[PDB]
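The other protein chains are all here in position, but one chain of the complex has been omitted.
Chains: A and B, in written order; residue numbering restarts at 1 for each.
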């Protein structure tokens, strides 16, 4: 399938990005998106 | 609760979207957001 599974998910409050490691190809592809990060 | 759990998470480097399958209602609802996708 064109969509591929996420194997690990992390987020970073310095860069304000979340990064999803993908099961695809050689294993070195990620998805990454902007995000808010805050303390509740 | 208004927030509902994600059951499966996939991302697509053709559409540049990630899709989260949700545990809600009939099971056919998703969350989907734009994302970057790249090789590290």
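Throughout what follows, a residue touches a chain if its C-beta (ideal position, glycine included) is under 8 Å from a C-beta of that chain, and two chains touch if they have at least 3 such contacts.
**Student:** Could you please point out the chain B residues that touch the chain left off the display?
**Tutor:** Within chain B, the residues touching the omitted chain are 1-6, 9, 20, 22, 24-26, 28-33.
**Student:** Residue by residue, what part of chain A touches the chain that was omitted?
**Tutor:** 8-15, 18-19, 33-40
Criterion: only the chains that are shown with their structure count from here on.
**Student:** Can you check how far apart chain A and chain B are, centre to centre, with Cα atoms defining each centre and the answer in Å?
**Tutor:** About 12 Å separates the centre of chain A from that of chain B.
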